[PDB]
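Here you get one chain, nothing else, as structure tokens; it is the form deposited in one PDB entry.
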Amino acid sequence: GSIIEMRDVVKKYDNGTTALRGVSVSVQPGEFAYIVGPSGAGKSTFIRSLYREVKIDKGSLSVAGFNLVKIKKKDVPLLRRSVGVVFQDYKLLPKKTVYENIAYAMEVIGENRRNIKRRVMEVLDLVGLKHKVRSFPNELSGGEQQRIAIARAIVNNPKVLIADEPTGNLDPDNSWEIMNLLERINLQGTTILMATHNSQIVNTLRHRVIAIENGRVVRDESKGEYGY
């Protein structure tokens, strides 16, 4: 069974621009897929629809057992605990330590504090930065910040991780390091969809490629080339 099932999705913004014009995409647990296409094709709109940051107008969309047409605002946090999200600009909170930035994504459950700490240390070890637990984001390189943000994204052990240009603000060396981390997370079973403009990454680390142009899927292929 699918972990993401999108059918005939249409999205028109308030000013009238139709950003998705009938997109259908099916993703199985454990897949790694790149989302590629020219500026304005609708990649960001597609990614945002997967964690309900944008609401679809027509079609259907299910993610991790959540019906994103039906889900109420009050339940989006629950969805966010099954879908981790990674951003091009990392979006750490600059006044919080590394520990606080990661712990913030874990829901408080009565006590929870000691359990939260063990899990924060687990994901820090997964990304190789346990020695930064008390650091602030400014003390970290861009690559280190994105590794911390990825630790935050997986802190609830989600089955899906969505990334919008996760290496777009990183230089080449750090871009490859972040790809290695994402691939390691994927090999453990997590489904990963990531939008990207990095032709060298897509052409080298071959995965499923979903190409969008003018709001429609034009190509969907195993181990595909970047094609742009």
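For the two forms, the rigid core is made up of the largest set of C-alpha atoms that agree within 1.5 Å on superposition. Residue numbers count along the first chain shown, from 1. Compared with the form deposited in another entry:
- Annotation for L93: C-alpha shift of 2 angstroms or more between these two forms, rigid core superposed.
- With the core superposed, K74 shows a C-alpha displacement below 2 Å between these two forms.
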Given for the second form:
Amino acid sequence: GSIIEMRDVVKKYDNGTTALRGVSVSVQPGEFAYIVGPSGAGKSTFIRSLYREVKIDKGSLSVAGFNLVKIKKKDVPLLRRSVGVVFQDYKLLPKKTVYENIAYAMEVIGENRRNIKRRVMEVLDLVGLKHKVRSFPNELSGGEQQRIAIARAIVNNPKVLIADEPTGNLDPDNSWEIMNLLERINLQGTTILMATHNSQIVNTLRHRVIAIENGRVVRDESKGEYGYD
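Output the form deposited in another entry next; the form deposited in one PDB entry has already been displayed.
We keep it simple here and write out only the one chain, dropping partners and molecules.
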């Protein structure tokens, strides 16, 4: 079945503003989708709802098998275990080695010695930074920081990866590197939802395009174009 199912989802903030006005999106496993649209359209409310940070007021929403309306807050961490989140403002722990930044998310859930150092070296190979396993974050470039952040978000192998403007703070070439890493992640099966306003990326790296405008899905196309300024 669908890994993300959103039907007639309404999100009203307490100040009367309605960020989502009955949005319906169906995402199969392994899909790679861009979330585009003018600012204030509700892109980030859309994605924030996908890991239960935002609670919807009306409609149905299920992510990775979890009914997000009925999920108990005590279970949201279990939801996050299947739903990794990458941010614009990549922020690693500064007094921790690259290895420790990645290993923390596995130590939390109590993974044993064996799987931790194996899994950390694996994801370090994926992001191509195993040669900096013992470096701290600020000897790392910006693009390298976002790559380690992405490694952290996928260390527990989540089924879904929500990326809010992953390249928003990176120059063109480092953004291509982030997109290539996201692509290889997607090819391994991870469903990737990427909110973005980089039209070059969207138009060269053709994937599904979900365009939101004034809280409503205005466009949902295979290998679509960016379609904005």
